[PDB]
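Protein chains: 2
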Amino acid sequence: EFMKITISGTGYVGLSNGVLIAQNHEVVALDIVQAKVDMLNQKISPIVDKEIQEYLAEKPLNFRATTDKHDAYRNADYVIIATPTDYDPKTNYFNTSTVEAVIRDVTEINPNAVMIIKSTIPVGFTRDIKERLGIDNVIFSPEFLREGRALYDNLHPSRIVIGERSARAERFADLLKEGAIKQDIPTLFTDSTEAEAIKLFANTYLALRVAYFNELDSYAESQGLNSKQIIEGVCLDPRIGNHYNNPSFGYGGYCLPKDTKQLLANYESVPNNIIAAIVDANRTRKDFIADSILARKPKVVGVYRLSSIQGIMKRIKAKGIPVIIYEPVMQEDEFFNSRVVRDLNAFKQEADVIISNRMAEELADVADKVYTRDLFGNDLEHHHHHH
Amino acid sequence: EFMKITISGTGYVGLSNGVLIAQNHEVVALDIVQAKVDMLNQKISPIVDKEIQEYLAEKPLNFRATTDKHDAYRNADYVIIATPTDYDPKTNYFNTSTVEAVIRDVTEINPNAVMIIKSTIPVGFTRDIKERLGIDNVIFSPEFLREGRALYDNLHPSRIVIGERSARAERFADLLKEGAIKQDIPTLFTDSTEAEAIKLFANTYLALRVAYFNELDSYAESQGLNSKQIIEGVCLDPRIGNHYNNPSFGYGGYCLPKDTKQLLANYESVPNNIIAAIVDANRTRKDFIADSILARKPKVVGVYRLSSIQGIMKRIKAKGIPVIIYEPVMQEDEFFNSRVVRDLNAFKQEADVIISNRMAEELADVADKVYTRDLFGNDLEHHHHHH
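Chains as they are written, first to last, in our numbering: chain A, 12 to 398; chain B, 12 to 398.
Treat the hints as calculated values from the structure; they're not laboratory data.
If chains are identical, the list can't say which one is meant, so a pair holds when it fits in one copy or spans any two.
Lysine-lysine pairs mimicking DSS-like chemistry, simulated, CA-CA at most 27 Å apart:
#1 239 x 141
#2 272 x 328
#3 54 x 15
#4 188 x 239
#5 193 x 239
#6 188 x 70
#7 239 x 272
#8 101 x 272
#9 325 x 101
#10 359 x 330
#11 325 x 272
#12 80 x 47
#13 15 x 141
Required output: the full structure, derived from the provided sequences and hints.
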């Protein structure tokens, strides 16, 4: 078999899946920005990903890009939809417009193509859109990729999940296995809405674990105990494990805070205590961390390197104590009404307490006034949440 | 080295540690019941444990039992305290009298013996008793043993944790490693109160995991989704894993319900949401399960085999619906005011809904009226909570 697979959306999810599949099939990437299409056809990646750049430049891929929808979709066996979406927790609004625009375009241009949605979508989306438009050729498949390592994660995936139980779903999973380096990849075929719920439940469990080890750490600090001794002893249970057990100022990033809230909204009519507590626990942890810093009565608090630490900053400022930020990557002189300080020595001298997500050799000099609850941030082989 | 180790308490924890150590050192088990001492000296185990029975009867162990405290404790290098204790959640009372009696006896008879407490004790116990009595020769070491497999778990331990950082603590850990079959066992030395907190935090995390997958299952039932599809996809994340993810009527047993409450009481002055929610979540799950069964409007509910299922029974009875129990191991005709039915066919015929923790071939006959949320109870290699 030698199929045609079109990628609609050339961000890391679409491009890593396109490059993976272009090792063995015909892949056409659709993007309206001519400069990106030209880059791609010149074998230059528009995104930062070492392996995508290497594969595009060095391997014989049957890959091309076009700005033309008809050229892209015609005769495609599968179309991977990987366009941008966004969930807003304040309004419980999930913007799926880009995905719905591609479903409209593919249905019009090639109604026989099978669409595989890799974009993040709300639970129930695919069953509902199929019913709404009266079409059957849409399947959801979650992506488990890290930005920056997206082709690597497709070459060595944790698992492949396709949200339809059928031969055409299995042939798509086979495309993903054929291109991968990892062998015997766990493969699961589910119904649609169940597949759409997997990442919310997996990401909410990871947030739960960060929140739980952070409550263990709140207790250890309150009781004058050594958090690392307790966490190491707990995590030596093989059913618990030495991963995602690094105390912090709270879970953060662009995923866990939103997914935990999205899942909680989906529980509006389902009795629960854990789902709601995962969200509340992060606010409580940030309050506990800010209260600890404020108890030291600092006149100025310094933040060494720059999302949960921003929540701590908000609480310190709410008490009228100024915050200064050391962050070389930042060019502006102010961030959220707080001064950004360029000279490290000046920053260390002015800050009465320096808060950070990781101890750094640069702060050894002033360790006595450094407050961090991090335990594993300098162990490069340790697996935990980072944002 | 050839030491003398005395075991004070001959239940599964003390006897499995004594038999393990008697392969290479001199072990003396103290028990006031002459019949048990005689059994032990006749190489007969007073408890049910296949490996303890086999080792006592077939291996050349330097092991003996005595009812005499002086004979037992004199010249001991270490005394392992493994006497019964109990925590009552309603009153937040931890009865440690048996341990304190042994500490009194050893201090009087052999003040140079180093006591290793394996009995379960409250967080802070050892630091406080050492200060109270003005003694230094007491160290806590958690036990991670399953009743019935206790010698096996000492021969293949998850880890060894000793709550003192010292050479005499390390020599005791070496005794445990020398007797084990498993090699390179993870070994951790901590301070005292930290060691005492490990099992509460480990067991509360396992309860948290049962509670979380049970809330996922409440959602799947409410939404008409397939719980197994979602759980399998979630647990294929290697940071989550396919263990302790079996939906149930609630976590139970003699450990998780009490430890979660004991830990929550220890958080009286520590801000938290997750610790309190683990306890509340179990009540909410039992309410959800009972409500589901009551929605089917049964006139009689049957319980197939006989702690969380007891909570479901309480809720069904509170609504005035009778419950009948099928449990061959039970000889009485009534349990908590509910009839126990001896004939399976009669039980199946009378029960309008049959609830159980596991589907059984015996119920295939009446699967349409069987309600169970179990997914992995018949997979003998699957690791999850069971009570």
